[PDB]
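Note that one protein chain of the assembly has been removed; the remaining protein chains are unaltered in position.
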Amino acid sequence: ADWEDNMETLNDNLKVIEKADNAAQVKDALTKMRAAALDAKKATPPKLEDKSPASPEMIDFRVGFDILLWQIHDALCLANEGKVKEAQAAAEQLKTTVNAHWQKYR
Amino acid sequence: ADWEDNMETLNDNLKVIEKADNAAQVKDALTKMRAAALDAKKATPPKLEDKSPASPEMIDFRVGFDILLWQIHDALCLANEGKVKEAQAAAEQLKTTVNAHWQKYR
Partner (left out) sequence: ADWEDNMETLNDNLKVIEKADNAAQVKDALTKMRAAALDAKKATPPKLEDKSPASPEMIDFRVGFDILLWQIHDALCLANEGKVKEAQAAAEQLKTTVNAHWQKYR
């Protein structure tokens, strides 16, 4: 999918995590977020459509999605241990990263 | 080593997993698979040897290895919780991803 639709997916699943009731729901949401972030890593965001795929700006963009992938992993590790509240709290900081990426690259 | 050699190492450790009985064996084989996949991630596969290093095709190649690494991680997580049967089933799916990448870029 294109970058904007991947970003929609990330936001939708953040809402899911915020309102989630059990560890299975959080883990499902976070797995969908990981897939969307990995797919967005192959995309070009609107702000960088005037940059080449191997420009420093596009390399920095892809590293930004690596960073997000590791933050998703932290929440997912919490959810695998049954720590639903701690995973939701970790997802609070995912929202910060996602919002900043939206503002930076749209 | 060679990209082709790394694909071979992935398959040898996949068989090792499928014939395993305890979680430590599966973890060992998955760790070797992770190392092979990271070593292959920096390669130029045969199909892409005529393309610029800056080509989008090479970026998609490397992000495909990131997808494989996260699948390896999920199998490793299952093994590190002693769920050796679930880990073996996840590694049967890894056979698909690994050999699909092999066949895509050879």
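Each chain carries a letter (A and B) given by its place in the written order, and its residues are counted from 1.
The rule we apply is simple: a residue touches a chain if its C-beta (ideal position, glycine included) is under 8 Å from a C-beta of that chain, and two chains touch if they have at least 3 such contacts.
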Of B:44, B:97 or B:99, the residue in touch with the unshown chain: B:44
Missing-partner contacts on chain B, residue numbers: 34-35, 38, 41-42, 44, 53-54, 58-59, 62, 69, 73, 80
Residue numbers in chain A that touch the chain omitted from display: 54-56, 59-60, 63, 66-67, 70, 73, 77
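Everything that follows uses one rule, which is that only the chains that are shown with their structure count from here on.
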Distance between the centres, which are taken as Cα means, of chain B and chain A, whole angstrom: 23
